[PDB]
Amino acid sequence: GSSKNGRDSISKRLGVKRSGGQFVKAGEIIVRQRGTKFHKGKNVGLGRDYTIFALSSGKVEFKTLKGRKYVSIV
Amino acid sequence: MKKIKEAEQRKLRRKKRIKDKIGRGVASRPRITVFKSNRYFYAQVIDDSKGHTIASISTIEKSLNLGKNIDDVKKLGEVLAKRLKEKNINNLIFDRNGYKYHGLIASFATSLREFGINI
Amino acid sequence: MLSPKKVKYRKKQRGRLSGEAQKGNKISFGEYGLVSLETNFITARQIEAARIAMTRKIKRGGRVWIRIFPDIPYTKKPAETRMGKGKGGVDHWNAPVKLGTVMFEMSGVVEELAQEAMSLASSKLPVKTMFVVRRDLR
Amino acid sequence: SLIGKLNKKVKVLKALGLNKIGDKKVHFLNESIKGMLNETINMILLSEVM
RNA sequence: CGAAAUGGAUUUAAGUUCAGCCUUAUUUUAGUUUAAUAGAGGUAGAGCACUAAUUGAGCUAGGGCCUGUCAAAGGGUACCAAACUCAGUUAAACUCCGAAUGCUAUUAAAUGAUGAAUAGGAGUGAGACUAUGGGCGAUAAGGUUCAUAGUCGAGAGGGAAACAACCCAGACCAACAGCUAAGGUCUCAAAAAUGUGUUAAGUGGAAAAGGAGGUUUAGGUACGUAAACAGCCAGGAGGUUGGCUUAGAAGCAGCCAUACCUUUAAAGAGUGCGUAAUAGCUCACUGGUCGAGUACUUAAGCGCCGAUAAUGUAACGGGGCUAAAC
RNA sequence: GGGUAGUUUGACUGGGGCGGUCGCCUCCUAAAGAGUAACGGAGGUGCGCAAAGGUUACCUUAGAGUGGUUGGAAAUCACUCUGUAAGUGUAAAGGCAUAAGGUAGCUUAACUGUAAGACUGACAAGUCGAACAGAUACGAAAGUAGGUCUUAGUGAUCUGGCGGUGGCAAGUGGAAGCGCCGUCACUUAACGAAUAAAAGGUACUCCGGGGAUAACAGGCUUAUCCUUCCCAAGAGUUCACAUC
RNA sequence: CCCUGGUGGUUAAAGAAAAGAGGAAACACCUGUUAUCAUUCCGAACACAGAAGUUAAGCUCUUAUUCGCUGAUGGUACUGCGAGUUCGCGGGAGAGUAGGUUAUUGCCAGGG
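Those protein sequence lines, which keep their order, are chains AY, AQ, AO and Ab.
With the entry's author numbering applied, the first sequence closes on residue 81, and no number is skipped along the way.
With the entry's author numbering applied, the second sequence closes on residue 119, and no number is skipped along the way.
With the entry's author numbering applied, the third sequence closes on residue 138, and no number is skipped along the way.
With the entry's author numbering applied, the fourth sequence closes on residue 101, and no number is skipped along the way.
Among these hints, one or two may not hold up.
As the list claims (entries may be wrong) - Computed spacing ranges between beta-carbons, pair by pair:
1. AY/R20 with Ab/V61: 30 to 36 Å
2. Ab/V61 with AO/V90: 38 to 44 Å
3. AO/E20 with AY/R20: 36 to 42 Å
4. AQ/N91 with AY/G52: 21 to 27 Å
5. AY/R20 with Ab/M94: 38 to 44 Å
6. AY/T58 with AQ/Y101: 31 to 37 Å
7. AY/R39 with AQ/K62: 57 to 63 Å
Source of the hints: derived by calculation from the structure; they are not laboratory data.
The C-beta atom is built at its ideal place from N, Cα and C for all residues, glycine as well.
Let the hints inform the model, and build the full structure from the sequences given.
Below you can see the structure in the form of structure tokens.
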């Protein structure tokens, strides 16, 4: 009577790639995620898989509004 | 009660979606918004980098003495164009502001168009 | 027996149980309580043995409240096997108790009879106990 | 000694400048040095330089 | 100068290869630890607001039971019980919440080649234990499999009687110099004396549930110089075989309470012994002789029993020690 | 065509065999960045869709209660409260009110050449991407669209087939053929794929090694076993402990 | 300037419920479907055309904070490190309690 299961996928390495306050240049990836765990603010864009990336050079910042987190470049 | 409340709620949802679809206005190409009351018709040009109304117009203005018809809003758009040209703005983004682009708004917009404003 | 009638998952991982109790540590429904002085697991079946003891000692005098419900499977591999396949099978049910859990509560009878009945109950549990009157009423 | 202690604390001590028992170093107490000394208080002896 | 026993892949699992770790040469200068400021978690913990489990009352649909019953509309509801209310619990695959450390960015100090790039040469890819967090196991294994750090590995010296992984500490060589760490200072065996208490078990110098008028100190509840407790001297009853079940049950098979009264000093529908049934002997109960703490408990410091294998005292290293024990 | 000959007949594995498993995706284990094992705990998958894709515009479920032809607990209709618990082709998770959910119109961006800068990473690979030229779809426009709310529905090289281009063309001019671009054929599933092509026995056995690994003993552990002990409901005419 | 309307900024609910107050202007209700426009039926919504009437509702303001939301100070859990051991240094919840809360503000148009 062997084990009926034991099966796991490859870890996808999600999470925040650039920390709030760090300096990024155009096109950097900031967050990798499934779904808008973090939403888009000023000067960032959302990829087709909800990746957060920087449209211009600046400093990352996270804000909170009504309990939702927004990422911006300032 | 609830029916009027939900009508208001739907209008707000439409307004919000329209706003973030068209994006914000900048001093070069500010945003033109309208408001259609049961009596009158209002238009404002806004620069969101400041939250400032660069120019505005409405049928309340006594001197214009227009009505609330297609003809009247045609003339009103003419006046708005001549008022904006002297402040040298030619590019605008048209926030329909929760309304449907048809009828009065169509005539307003086309009137701004025949007189050299990029909307 | 005492046992849950439906479970999301049949088997669960044995944690490490530690620390005193920060909740369910006060006499609520009755007059006299049977606090524990250790942290351990009380099986359903020891629970019902203690319950029979208390209830039988009490000649209809009052009521007995059980403040723990097992809801924790305890798996055991078959008798003669090796360490291979994995997570054998549920055998009996355990309840978690920490130092300070009230664990049992009694109502109605005189204090002497309650103390006797509840030592009679404590004789069948695997943890040190203490009998407590409300200590803020009489 | 540094033998057998935690890695983080060995790093702190080498950042203070002490490598052996019997090591002597004079330092000016500001917030940084105060934090390092607090980390490694159990392995040091502090005297004051009048 | 100085590793690795890890990651990925493999007709691979005792092999090999790339990365990781090492060294040499050149170039480059910016690791590393703090502190301050500012960021993203969902863990510990906690909580029931979601998904499930669950305790006791309150309420009440619905289901059956019973009853003016036809199976019309009904009524009595011990229950079987949804939902709801109050109180109270459980969760790795629950989260309205939520740290500490850890991680990232900047700056200033502090430490001084520990970073990185190119090129030559590798080795390694069997790990082990200890301190924490876990999974599997049987909260068994010097078990198995991961994470952080240490040591061994590759590490000599001192300590734990002996004892790679524990404690202290990194051996350039020499000195018949000193101060110290762990650990010790009766003796084997280099090093301690004094102060205040505790222990009678050689506890120290193995261990559980439980039992326990051992003792030190502290604190409650009963009770007391207006006589408590133990002893000693008396009563310890009358109504009343309490009504009974039973054959009997007269206080002591057994049911029920003893809101059963009186003389009351005090006498219980009796504490035990024992009688078929009593009978009979005793006690709580109360009075006199005596003359201060006693009777039940609570928290700690040491103790007692439980204690229990086979070559030989053998669970202090030995001698011995009432301190030379705590 | 075993008459004869050359060979193959996998690995992981709490010894081996038997059984089970082998790629990819989701969650937990995972100890609040990333990563992290076991024959640890639960599932899915080798697709579907010419719209269930693109865009514009407009709408909002499920549940409870309530009033209603059949109609009943529950179908469709209306209102109140609740406020995403509903629904998203397909597992789970993360998301989804501006909806990524529902409906309708038009439509093919389910595009060509590219791509600053990155994420993840032994390598091979995989992933995101503003913006630019060509040419469309929708929209008044701003703008969006390089398939699908996101993450699984996959397969290297060699060989060969098909279409295009006209680069190579063994003296020259052609051609066979090859190269280039587009593209098709592998449960190569043991899924980084030893061959285009592969099962067993040996107790008649042999060799090189291993306590890296089993059987007999020693050691660790005590589930099981054995020996007691704690609690005493009771049985014993009454009487827990004469005894059980 | 204030009121009203429009449109933003700063996030703690700036949440709903009930009661009361007004309406000059403004906003909304409201009126007709005939023209272009819209619904898988319906001028409800959308759209066009307007001024008969009203605070009734929406809206603004005022209320007992009725529900919700927010919530200290101490203490506890937990935790990094430590030759002090349930101790030494530092960090510090959740729940509960005392409370609190029916936003604030920039510039455009109308007239006060």
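Of the numbered hints stated previously, which ones are contradicted by the structure, given in increasing order?
Number 2 only.
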